[PDB]
Amino acid sequence: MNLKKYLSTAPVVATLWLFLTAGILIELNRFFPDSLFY
Amino acid sequence: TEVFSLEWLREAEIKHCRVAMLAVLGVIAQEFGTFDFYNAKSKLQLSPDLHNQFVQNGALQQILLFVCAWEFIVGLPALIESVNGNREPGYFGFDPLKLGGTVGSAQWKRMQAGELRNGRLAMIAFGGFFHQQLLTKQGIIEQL
Amino acid sequence: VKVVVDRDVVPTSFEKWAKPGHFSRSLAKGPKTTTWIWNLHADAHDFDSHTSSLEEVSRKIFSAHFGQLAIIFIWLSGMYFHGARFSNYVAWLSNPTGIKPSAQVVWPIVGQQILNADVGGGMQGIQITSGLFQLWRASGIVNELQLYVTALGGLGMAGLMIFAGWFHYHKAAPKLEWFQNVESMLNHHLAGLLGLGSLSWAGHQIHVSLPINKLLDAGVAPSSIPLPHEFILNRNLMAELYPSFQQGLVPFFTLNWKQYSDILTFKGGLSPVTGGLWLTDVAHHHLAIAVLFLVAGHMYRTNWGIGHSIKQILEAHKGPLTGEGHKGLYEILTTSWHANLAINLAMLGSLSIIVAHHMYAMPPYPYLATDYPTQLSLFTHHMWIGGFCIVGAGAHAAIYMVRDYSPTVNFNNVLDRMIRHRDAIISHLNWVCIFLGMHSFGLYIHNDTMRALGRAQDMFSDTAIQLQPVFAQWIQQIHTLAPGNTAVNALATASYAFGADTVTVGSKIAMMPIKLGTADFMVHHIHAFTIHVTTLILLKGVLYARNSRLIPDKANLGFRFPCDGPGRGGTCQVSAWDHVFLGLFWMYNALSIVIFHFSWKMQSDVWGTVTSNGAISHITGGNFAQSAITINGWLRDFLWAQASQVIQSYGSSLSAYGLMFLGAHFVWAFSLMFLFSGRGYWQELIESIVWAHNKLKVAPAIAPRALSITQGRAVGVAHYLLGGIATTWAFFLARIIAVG
Amino acid sequence: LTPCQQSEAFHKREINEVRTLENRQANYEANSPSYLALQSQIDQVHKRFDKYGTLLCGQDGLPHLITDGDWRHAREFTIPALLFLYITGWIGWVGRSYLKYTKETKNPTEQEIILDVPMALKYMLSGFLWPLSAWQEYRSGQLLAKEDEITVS
Amino acid sequence: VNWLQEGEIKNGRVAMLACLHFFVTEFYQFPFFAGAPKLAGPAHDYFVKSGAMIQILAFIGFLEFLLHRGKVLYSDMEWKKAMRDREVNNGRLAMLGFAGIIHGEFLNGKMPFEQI
Amino acid sequence: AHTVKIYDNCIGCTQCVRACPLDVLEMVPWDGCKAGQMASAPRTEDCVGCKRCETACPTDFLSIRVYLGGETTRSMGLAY
Ligand SMILES: CC1=C(C/C=C(\C)CCC[C@H](C)CCC[C@H](C)CCCC(C)C)C(=O)c2ccccc2C1=O
Ligand code: SF4
Ligand code: SF4
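Chains as they are written, first to last, in the deposited numbering: chain J, 1 to 38; chain 2, 94 to 237; chain A, 9 to 748; chain F, 31 to 183; chain 4, 99 to 178, 215 to 250; chain C, 2 to 81.
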């Protein structure tokens, strides 16, 4: 119960979302290169 | 000594005593046909070092670790409160609990009948059962 | 002495974690300001700013002790792991010279794989300078299995301490009576920790030395290395490697101690095989320290009635200039948790510096002297650690006069006098600082003038013969003649930095008779200048923290306060915490000059190479025989020639130490934003942005405000240090890898 | 300034960079598995040069580009690497703004900035088509503000 | 809460449409002169030359349809139960069934789970 | 020395003389306030101008102003 309130704090939510944003980019530069088509 | 800490302590004991018994009744069951018979050539292919790093069993263990997660994510809230999850096994057990209490006078506390002894026997016996067979290659001294 | 426990005081509940700022009702009801966000973390560790019940403050700091202790154990358990999964310690165990140290690998994501330094041993990665490989070799660790078992054994001890700091609190709790047993505390720290600790490790390096000494120094392969238990299971193996083990604790009772002379010796100097101190001298050393601590650990009253006590010991020391001397110091240290921390931070801080000196002087680990990057890094590492610790000693010795000093309860007329003639202490230190400044740095201005002026530096050569080789030369000569004469049982000096003309080389120079000269008297007095100024400002913050002449009502404001106002001409930055804020800066200058001195003087005259056609050729051959006397040589031949090893590394694997070098100046100059401007202008700067935030209502409920006046300076010193260490951290780790 | 597939002074940099990498490459045995990954790394190096050649690039070997809006080089500025930043950043910004609209009500304003129910963070996905709807709501923001600002006196 | 309810239900309808969207095609690409035989054959066989043009046109048209369906939902001033209570349940039952149906074909041969 | 000027925002909560170090201000009966007190500074010759009353001053814009003026021995707070 209260563990979700601690999970809903600003630092925990911030680190969780920043982990998502950073991991997506680590996987992006590891998988396909940007195709980019004129 | 405190409430909420000893809660998880006694729970973890129960949450693993059944695991430390189905595994014993699983490791013995899988090796019931190969316990002796020339010591199964020192466990034969069941030796963990001989396994190929669990090539075919790794993708299966991942599925098991996934389902087991939500299994315990049902055990975490089913313990919370009495209603729903624990209440229906609650009055179920109360049907044998009433007869057991009748055999044991006023109430006969079932936790003294065998909640702690089974819980600790399974843990200690499985801790020793995992060292004698999986944590000793060279004996040096005879083990008795 | 009594088992007084208050079982169950604080329950185990996530309720407090749900409230951001449960530790203080002032930091809970009003989180309407941005400043509250920073106050929640600034006071998060100021435990004396919450509740005053000492039974709870002692039950909030010993918790933080076990918490920090668990963090340290989680930190150490990973070091044994990194030296097994991806490293080169086993290959380095077979080939120690050609294989450079490494225990950190990178991944192919954004082309960062250039950091994989080619160290050898079939494994690429990042070079390490933590001394892990030397410590592991001195511990007898060879196989990777011995790394993983130690790591898995570290996980258990790390978990037990979390379940201990969560035990004596949410589960158990000793009373307040358990903490006034300082007499019973020193009887278990000097005998149980120091005593049994110096004895337990002593008993290890007696049975684990031969896998390093009488094996790895002979020339056996790591596969041919026997097992550590095979030596214990068969006493005759130890008996053959050391012809004293046949007895097996028989002359130990007969007092025929000389029969244990195969492992217990007092040789001195270094070993001409390993590269550091003797592996047999350290075992005897720790045995000698262990018995001394087993004796020194029985000095205070337990519950049997015998022994002294911190009480009457201090109640007996007097002195004419002291008056009611030393009395009450028992009540000083047994009542304020703070009070113990400054003397601890002071002694332990100077201790880290002193042990740092003892590192390079006599290298205690095998293959440590030749490993120049590790040696250079470790010295300055503990150097800066003790710098922070001693300034923390001043930070809290300033806390005491403000938070826990009373003119009725705790009393020492010595500390009274330190505050009664307080204006005399700093006056003495002030004149000492000025005399050591207008000369030590004055002579720098003088010599730098003599060179650019012309023939004046030429006539300074005779004075360059003065001071240098005039003092401290006879001390080294005492140590040359100390063995044999004043040390009959020692066949070598304290270190080869003392023995003249005695050079020990293992394909690379380990130690050298550090021939002082030219400008060591100069830099040592630059040190003493930056030391006396640091002691002055911190001791000023200590004894002026209570009674101040300018503002008499000083105790009302506090410790981490801005100031008073524009009155009296201007009261600005008068807190003792600011004497620590600036004390961090003069400590910064002190440790900066000391690490410069140590680092560069090493390769100037100590570190070098050896050939048979000649004798000794340094990496930089005897440069600071002239380039140290003037300020120009410190950036003409020192700060200038270093760019060829930090920048000329993008084509190699040392490119990160150039990026951190150029990026540390960024955060350092970023500190120049907070240390120069004021909150008034910046607070006028938010309200315009808040106007734009009120235009679209995108203004947060948390009202945007500037940083606190004190928090801005705390962040300013944080960046002035972080940006003022990472540059030399990248510099000390730049040349020493290229010239290694 | 000529393209690099015709610029002979760019391919020389590819050869020179691989030449500097080759001395580090040949000191170790290629048969070792811990250094078999260097060939895959130089494969990444090789697979990187061919795409940039299509973009006009400096004759010096330093590959330049275009931001004037030229339709032949919209890939380096205008369309991809630019517009997505605007959308993605503002998909976050207008989502934050919608959260700012629901930042009042009865439950404390400080509680609704920091300790927010995770459900609002899960609703963030609402902004698929910000543009004009966000323009309407930002008009309403300026409107309901009714020029209620600070004194600045 | 309410936001999940709305999503969790719209996606349940999308599910119920997805099974019937594949029921007509799969029953057309298995028997009797099927334009697509085995599931492994026509996995990505191109057709004509434009191809992507008719795909992006279908995308734009469907986007405009949902655009109007949403803007109409904003208007009307709608509103400001047991059938809704059963629908809240079968929506969750739908979302977790339609991921597994495709997870079947993602097993290549629908047999790697049971060892061999 | 410094020039003490009292605004008309006074509530008379005595915050001046409570904060004030050397008692520059002074509470005087007044007929135009809620509590009935008004701050007045007769000993402005001894004022130092440390500006600690503006902190304890409640009003939106402070009620007790002290404009920085000349500096003398009485206003420098020096003991010599
Ligand atoms: C800039 C500055 C400020 C203002 C300092 C501020 C506003 C600090 C800003 C730091 C925060 C952390 C940046 C804002 C970032 C938010 C926390 C959002 C982060 C959300 C995710 C990225 C996690 C002062 O208050 C000040 C006071 C006295 C002398 C000089 C100065 C000074 O120079
Ligand atoms: S500070 Fe102003 S409002 Fe407060 S008591 Fe003094 S005059 Fe009145
Ligand atoms: S000017 Fe300074 S001394 Fe005078 S009343 Fe105000 S705060 Fe007090």
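Honestly, the hints are just simulated from the structure, not real lab data.
Mixed in with the good hints there might be a few duds.
[Stated by the list, open to error] DMTMM-like cross-link-like pairs, simulated, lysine to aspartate or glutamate; straight-line CA separation at most 20 Å:
#1 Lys703 (chain A) / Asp178 (chain F)
#2 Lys27 (chain A) / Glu142 (chain F)
#3 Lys24 (chain A) / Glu134 (chain F)
#4 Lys183 (chain A) / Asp16 (chain A)
#5 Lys24 (chain A) / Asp146 (chain F)
#6 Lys68 (chain A) / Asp142 (chain 2)
#7 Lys230 (chain 2) / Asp142 (chain 2)
#8 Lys40 (chain A) / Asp100 (chain F)
#9 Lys705 (chain A) / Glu142 (chain F)
#10 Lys179 (chain A) / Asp142 (chain 2)
#11 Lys40 (chain A) / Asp98 (chain F)
Results of checking the hints against the structure:
no.: 1; hint: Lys703 (chain A) / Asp178 (chain F); verdict: 8 Å, holds
no.: 2; hint: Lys27 (chain A) / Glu142 (chain F); verdict: 13 Å, holds
no.: 3; hint: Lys24 (chain A) / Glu134 (chain F); verdict: 25 Å, violated
no.: 4; hint: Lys183 (chain A) / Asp16 (chain A); verdict: 11 Å, holds
no.: 5; hint: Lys24 (chain A) / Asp146 (chain F); verdict: 17 Å, holds
no.: 6; hint: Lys68 (chain A) / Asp142 (chain 2); verdict: 47 Å, violated
no.: 7; hint: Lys230 (chain 2) / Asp142 (chain 2); verdict: 11 Å, holds
no.: 8; hint: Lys40 (chain A) / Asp100 (chain F); verdict: 50 Å, violated
no.: 9; hint: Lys705 (chain A) / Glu142 (chain F); verdict: 15 Å, holds
no.: 10; hint: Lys179 (chain A) / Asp142 (chain 2); verdict: 42 Å, violated
no.: 11; hint: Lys40 (chain A) / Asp98 (chain F); verdict: 47 Å, violated
The structure does not agree with the numbered hints 3, 6, 8, 10, 11 stated previously, though it agrees with the rest.
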